[PDB]
Amino acid sequence: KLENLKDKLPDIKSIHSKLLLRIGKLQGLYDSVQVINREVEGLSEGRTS
Amino acid sequence: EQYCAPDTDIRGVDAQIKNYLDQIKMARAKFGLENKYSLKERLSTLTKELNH
Amino acid sequence: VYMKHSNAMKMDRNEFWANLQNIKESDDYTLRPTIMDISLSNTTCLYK
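Chains as they are written, first to last, in this note's numbering: chain P, 6 to 54; chain F, 57 to 108; chain D, 2 to 49.
These aren't lab readings, by the way, just hints derived from the structure by calculation. Built from N, CA and C at the ideal position, the CB exists for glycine as well. Just to be clear, a hint being listed does not mean it is correct.
The calculated DSS-like cross-link candidates involving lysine-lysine, where the alpha carbons are at most 30 Å apart (straight line), are [what the hints assert, rightly or not]:
#, chain 1, residue 1, chain 2, residue 2
1, F, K96, F, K86
2, D, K11, F, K74
3, P, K6, D, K11
4, P, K23, D, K49
5, F, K104, F, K81
Every beta carbon over 12 Å from chain P, so not counted as near; a handful from chain F, in silico [what the hints assert, rightly or not]:
#, residue
6, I66
7, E97
8, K104
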């Protein structure tokens, strides 16, 4: 089993990449929550639109 | 919830958020701009009523 | 809050954890290292 492991690199590579995409989206959604909070802050502090 | 959906692309969801935030500003602004101003006209009418 | 009360996201995360766990406990991949080894040997991996 040690000699032939090249057949198992693809599935591991696949899960590794799939997990990176999931982290990508969660980090993205966190940027969005920071943008909506900032716009609500502006709105609250006085009037300016 | 669309951000973490499988086939969703982040760009489109970010665009939806901007439109949504702008729509929030407009409805609240219209109601508030009316509230006070229409109420101020009503208050001038009330001052006339107090004179009566 | 937007996660403590959702249900689609929880189902997706559970599907993923199940997929990974099925990868792990399979007779093809019984030669892995533990989840917390540090590997003093490979310098750049140690740094990362």
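Status of the hints after comparison with the structure:
1. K96(F) x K86(F): holds, 16 Å
2. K11(D) x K74(F): Roughly 26 Å between the alpha carbons, so the hint for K11(D) and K74(F) holds.
3. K6(P) x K11(D): violated, 36 Å
4. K23(P) x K49(D): Within the cut-off at roughly 20 Å; holds.
5. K104(F) x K81(F): violated, 35 Å
6. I66: violated, 5 Å
7. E97: Given that every Cβ of chain P is farther than 12 Å from that of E97(F), nearest at about 20 Å, it holds.
8. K104: holds, 29 Å
This entry does not satisfy hints 3, 5 and 6, going by the numbered hints stated previously.
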